[PDB]
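Novice: Just need the whole structure built from these sequences, with the hints factored in.
2 protein chains.
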Amino acid sequence: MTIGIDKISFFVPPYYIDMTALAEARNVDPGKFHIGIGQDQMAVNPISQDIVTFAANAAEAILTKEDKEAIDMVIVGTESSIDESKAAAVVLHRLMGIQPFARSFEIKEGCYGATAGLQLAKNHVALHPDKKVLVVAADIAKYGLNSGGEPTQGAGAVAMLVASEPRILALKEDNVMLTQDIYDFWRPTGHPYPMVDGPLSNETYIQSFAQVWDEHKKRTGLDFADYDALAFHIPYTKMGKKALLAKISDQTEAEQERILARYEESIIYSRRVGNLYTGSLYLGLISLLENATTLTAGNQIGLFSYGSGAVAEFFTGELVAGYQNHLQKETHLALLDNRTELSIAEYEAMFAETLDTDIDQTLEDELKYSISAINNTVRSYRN
Amino acid sequence: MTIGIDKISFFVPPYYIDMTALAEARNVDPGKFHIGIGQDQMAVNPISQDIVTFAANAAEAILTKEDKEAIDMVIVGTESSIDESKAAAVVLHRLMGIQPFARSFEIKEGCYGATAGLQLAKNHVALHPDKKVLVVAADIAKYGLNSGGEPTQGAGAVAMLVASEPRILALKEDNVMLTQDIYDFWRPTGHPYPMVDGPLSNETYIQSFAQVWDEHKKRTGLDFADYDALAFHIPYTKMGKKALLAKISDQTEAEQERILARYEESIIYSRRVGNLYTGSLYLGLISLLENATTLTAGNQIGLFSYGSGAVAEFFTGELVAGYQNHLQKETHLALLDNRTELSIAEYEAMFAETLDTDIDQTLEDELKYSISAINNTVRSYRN
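Keeping their order, the protein sequence lines are chains H and C. Take the first sequence: its letters are residues 64 to 446, numbered as in the numbering used here. Take the second sequence: its letters are residues 64 to 446, numbered as in the numbering used here.
Take these hints with a grain of salt, some might be off.
[Unchecked claim] Just so you have them, the derived chain H footprint on chain C, three or more residues with Cβ under 8 Å:
{"no.": "1", "stretch": "139–146"}
{"no.": "2", "stretch": "167–178"}
{"no.": "3", "stretch": "439–446"}
[What the hints assert, rightly or not] Cβ-to-Cβ under 8 Å is the rule here; a few derived chain C residues that face chain H:
{"no.": "4", "residue": "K149"}
{"no.": "5", "residue": "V154"}
{"no.": "6", "residue": "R157"}
{"no.": "7", "residue": "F164"}
{"no.": "8", "residue": "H187"}
{"no.": "9", "residue": "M240"}
{"no.": "10", "residue": "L241"}
{"no.": "11", "residue": "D244"}
{"no.": "12", "residue": "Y246"}
{"no.": "13", "residue": "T252"}
{"no.": "14", "residue": "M258"}
{"no.": "15", "residue": "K305"}
{"no.": "16", "residue": "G372"}
{"no.": "17", "residue": "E376"}
{"no.": "18", "residue": "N388"}
[Said to hold, decoys possible] Below, a list of computed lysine to any residue pairs in the SDA-like style, where the Cα atoms sit at most 25 Å apart:
{"no.": "19", "chain 1": "C", "residue 1": "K194", "chain 2": "H", "residue 2": "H191"}
{"no.": "20", "chain 1": "H", "residue 1": "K281", "chain 2": "C", "residue 2": "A133"}
{"no.": "21", "chain 1": "C", "residue 1": "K281", "chain 2": "H", "residue 2": "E236"}
{"no.": "22", "chain 1": "H", "residue 1": "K235", "chain 2": "C", "residue 2": "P163"}
{"no.": "23", "chain 1": "H", "residue 1": "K131", "chain 2": "C", "residue 2": "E278"}
{"no.": "24", "chain 1": "H", "residue 1": "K194", "chain 2": "C", "residue 2": "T283"}
{"no.": "25", "chain 1": "H", "residue 1": "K310", "chain 2": "C", "residue 2": "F164"}
{"no.": "26", "chain 1": "C", "residue 1": "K235", "chain 2": "H", "residue 2": "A189"}
{"no.": "27", "chain 1": "H", "residue 1": "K205", "chain 2": "C", "residue 2": "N438"}
{"no.": "28", "chain 1": "H", "residue 1": "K281", "chain 2": "C", "residue 2": "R157"}
{"no.": "29", "chain 1": "H", "residue 1": "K131", "chain 2": "C", "residue 2": "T420"}
{"no.": "30", "chain 1": "C", "residue 1": "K205", "chain 2": "H", "residue 2": "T252"}
{"no.": "31", "chain 1": "H", "residue 1": "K205", "chain 2": "C", "residue 2": "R250"}
{"no.": "32", "chain 1": "C", "residue 1": "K194", "chain 2": "H", "residue 2": "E132"}
{"no.": "33", "chain 1": "C", "residue 1": "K194", "chain 2": "H", "residue 2": "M64"}
{"no.": "34", "chain 1": "H", "residue 1": "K128", "chain 2": "C", "residue 2": "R282"}
{"no.": "35", "chain 1": "H", "residue 1": "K431", "chain 2": "C", "residue 2": "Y246"}
{"no.": "36", "chain 1": "H", "residue 1": "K205", "chain 2": "C", "residue 2": "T440"}
{"no.": "37", "chain 1": "H", "residue 1": "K131", "chain 2": "C", "residue 2": "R282"}
{"no.": "38", "chain 1": "C", "residue 1": "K280", "chain 2": "H", "residue 2": "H191"}
{"no.": "39", "chain 1": "H", "residue 1": "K194", "chain 2": "C", "residue 2": "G284"}
{"no.": "40", "chain 1": "C", "residue 1": "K280", "chain 2": "H", "residue 2": "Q162"}
Hint data in this document are derived by calculation from the structure and do not stem from the laboratory. C-beta: ideal position from N, C-alpha, C; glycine also.
Specialist: Have a look at this one:
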């Protein structure tokens, strides 16, 4: 029996800034971000939108009444939490109207959290084939105006329905995970912004893929030629390409050309969004499913999940026959094309705004599931 | 194949304060603490000790060389995290010398996080019987000096080794879970102390037990008579007694006597520690195992896990033949009996001290795994 991703969708805020405009405002070459880090449009969100906002919208796009009765576990992977004790998943459980006899919790481990959720959800369903699990990656990647990380920013969420007989991707039992205590990226309690060791982040990501790929190759004998496509967690596109290039150098020219073309297809959506942290790898999966025209049922997709901190995992999924009829291509393109482009002034004003949770107030925002009020630090969501 | 807890141990700081002393310092009748909430000694820790310190000491008590090679998943359940991104499980993985190819992450959902870890660990070992999972509840419950919650404070960790063919507790597939969005206890990002609605917390806890118990009885036909003992998560010992008393009101006055005396055995260690959040339920399980003389192999143990926020789960475990040979009573007694009693003045000085992680410094503390230094916000541990 198969178990995997039955439905998957992503949500990004209704705003973005063009990277040419950002480069101009930052007094650097207009094309520096397009050809350097490989990013074109950056998702931006106002203080009236948080991980619950994104998670609720992403999940709403895929849940039916039947799903809500069958789901008995809700997992949110994030490193952008809004509470140190109460899981964002509990609020998501309420907003989605999922049946009450369910377990809900938040998983945290850099940009790896949602992957942990997907694997545990898979086990759960393997053991209870009649039950389903909702796993959502939700995060807001902010580094600060005029900062080094600024151009790699992003915000959004990716929701996944895990179930038996999945209609999209059947997960294999070939997982290879790795844990190494490295301070490449972290965020001490109470730091609104992350601590980043640039050189170490770059090195650890590249070497993480190599380590996990090598061990996986040893255990399975599967090589690049056995993979129809690869989805990567990426802080920005150039990074995944560098990690990939460093490992496929001994492959034939045709194979290298094939692997890099799939990679380009996997980052089509990412170039218009930015870093989603826990949701980046999965945004790449979605891009591959809706944009890669040569993929077909039976193909093998390798997924490299990276988590700063650091924890990494390589695993495989097989495309299910008929999967092309269960995607959200139109909803997704609409979501991206319908965003309001911000001027750099409008963007900086929105980014600098801060939510003081200690102040009782009301917030106005048309987006469904956005913060409507704060009372004694408690958030209300408009739905 | 049976699956469950193979080994278990708890760890608390080497300091405590007498509840009589606290009551006198707070101008309250000592009986309001000893009898009212049912607490006698409160675990207290200095800033040189965090959840890593406690998790590392607890896990080390139960890990052999072979365990460290067979463990491919490290989970830390906590609501006292020290990083918003990097999981505490990653540091624990390093300090424990576990083999590198493991996945490590943190689970957050009030005081329910460890339970979620245990259940997912169970599923993992059920599917991969040759592998083991390290699950650690680790927390520091501080409310504030002269606060309403002050007398219910505690600190420590409970490490569990999950494996197939467990030597202590074989878990049953009878889990009943519940999720409700309730603001009984929470902690907004940036709040050192919890936000608490005492009466809502009190009522939600009592009602949550009733709901999962009733639902469990409906699904299994099992009642109180079929349970040889019960372990409860507890913010303080009278709370569980209150929840229990409300649900056994219609049992024979002899059942009631048996259930209540068994409950008394489950809180012996807890009265000397205080609330451990994720670890409270599991400290009660250890107490039952190590203090309940008439329990034997084959006996059925009911566990009620509560998580503020709120989530709950009732599940069953069976005592494995020979379990009495795989406990850590001597170690635990020494830990509790060897602690240094603090005067209220030493307690307040120790309690109020803050750790400015933004300052590079060196720290002194004899305890193994205590914080030895802070460099660029990064913590180093004494080993």
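Novice: All hints, please: hold or fail.
Specialist: Comparing the hints with the structure gives:
1. Counting residues of the stretch 139–146 of chain C whose CB lies closer than 8 Å to any CB of chain H gives 5, which reaches the minimum of 3, so the coverage claim holds.
2. Given as covered by chain H, the stretch 167–178 of chain C passes the check, having 9 residues with a CB less than 8 Å from a CB of that chain where 3 are the minimum.
3. Under a criterion of three residues with beta carbons nearer than 8 Å to beta carbons of chain H, the stated coverage of the stretch 439–446 of chain C is upheld, 3 such residues being counted.
4. For C:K149, the interface hint holds, the least distance from its beta-carbon to any beta-carbon of chain H being 4 Å, beneath 8 Å.
5. For the restraint placing C:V154 at the interface with chain H, the shortest Cβ-Cβ distance is roughly 6 Å, inside the 8 Å limit, so the hint holds.
6. With a least beta-carbon distance of about 4 Å to chain H, the hint placing C:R157 at the interface is held under the 8 Å criterion.
7. Checking C:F164 against chain H by beta carbon gives a least distance of about 6 Å; that is within 8 Å, so the hint holds.
8. Below 8 Å, beta-carbon pairs count as interface contacts, and C:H187 has one with chain H at about 6 Å; its hint therefore holds.
9. Interface hint status for C:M240: upheld, as the beta-carbon distance to the closest one in chain H is roughly 4 Å, under 8 Å.
10. For C:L241, the suggested interface contact is upheld, since its CB lies about 6 Å from the closest CB of chain H, less than 8 Å.
11. Because the beta carbon of C:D244 sits about 4 Å from the nearest beta carbon in chain H, less than 8 Å, this interface hint is met.
12. Checking C:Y246 against chain H by beta carbon gives a least distance of about 6 Å; that is within 8 Å, so the hint holds.
13. Below 8 Å, beta-carbon pairs count as interface contacts, and C:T252 has one with chain H at about 6 Å; its hint therefore holds.
14. Given hint, C:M258 at the interface with chain H, holds; its Cβ is 6 Å from that chain's nearest Cβ, closer than 8 Å.
15. Proximity of C:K305 to chain H is violated relative to the hint, the smallest CB-CB distance being about 22 Å (cut-off 8 Å).
16. Given the 8 Å rule on beta carbons, the hint for C:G372 holds: about 4 Å separates it from the nearest Cβ of chain H.
17. Hint on C:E376 holds. Least Cβ distance to chain H is approximately 6 Å, under the 8 Å limit.
18. Here the hint on C:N388 is broken, as its CB sits about 30 Å from the closest CB of chain H, past 8 Å.
19. About 21 Å separates the Cα atoms of C:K194 and H:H191, which keeps this hinted pair within 25 Å; it holds.
20. With a C-alpha separation of about 19 Å, the suggested pairing of H:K281 with C:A133 holds against the 25 Å cut-off.
21. Distance hint between C:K281 and H:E236 is unfulfilled; the C-alpha atoms sit about 36 Å from each other, more than 25 Å.
22. Between H:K235 and C:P163 the alpha-carbon distance is near 21 Å, which keeps this suggested pair within the 25 Å criterion.
23. About 19 Å separates the Cα atoms of H:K131 and C:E278, which keeps this hinted pair within 25 Å; it holds.
24. For the hint pairing H:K194 with C:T283, the CA-to-CA distance comes to about 19 Å; that is within 25 Å, so the pair holds.
25. Simply put, H:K310 and C:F164 have alpha-carbon atoms about 20 Å apart, close enough for the 25 Å limit, and the pair holds.
26. Taking the CA atoms of C:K235 and H:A189, the gap is near 17 Å; set against the 25 Å cutoff, the hint holds.
27. Between H:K205 and C:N438 the CA atoms are separated by roughly 24 Å; this keeps the pair inside 25 Å, and the hint holds.
28. The suggested pairing of H:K281 with C:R157 holds, with an alpha-carbon distance near 24 Å, which does not exceed 25 Å.
29. A hinted pair counts as satisfied when its Cα atoms are at most 25 Å apart, and H:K131 with C:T420 does not qualify at roughly 43 Å.
30. The suggested pairing of C:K205 with H:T252 holds, with an alpha-carbon distance near 16 Å, which does not exceed 25 Å.
31. A hinted pair counts as satisfied when its Cα atoms are at most 25 Å apart, and H:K205 with C:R250 qualifies at roughly 22 Å.
32. Using a Cα cut-off of 25 Å, the hinted pair C:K194 and H:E132 is violated, with the two alpha carbons roughly 33 Å apart.
33. Taken as a hint, the C:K194 and H:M64 pair is honoured in the structure, with Cα atoms around 22 Å apart against an allowance of 25 Å.
34. With a C-alpha separation of about 23 Å, the suggested pair H:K128 and C:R282 falls inside the 25 Å cut-off, and the hint holds.
35. Between H:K431 and C:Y246, the direct Cα distance comes to roughly 22 Å. Compliance with the 25 Å bound is thereby established for this hinted pair.
36. Only pairs whose Cα atoms come within 25 Å are accepted, and H:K205 paired with C:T440 is accepted, the gap being roughly 19 Å.
37. Between H:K131 and C:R282 the alpha-carbon distance is near 20 Å, which keeps this suggested pair within the 25 Å criterion.
38. Among the hinted pairs, C:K280 with H:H191 is consistent with the structure: their alpha-carbon atoms are about 20 Å apart, no more than 25 Å.
39. Note on H:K194 and C:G284: the hinted pairing holds, with a Cα-Cα distance of about 22 Å set against a maximum of 25 Å.
40. For the proposed pair C:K280 and H:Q162, the alpha carbon gap of about 19 Å is at most 25 Å, so the pair holds.
Of the numbered hints given earlier, the model fails hints 15, 18, 21, 29 and 32; all others are met.
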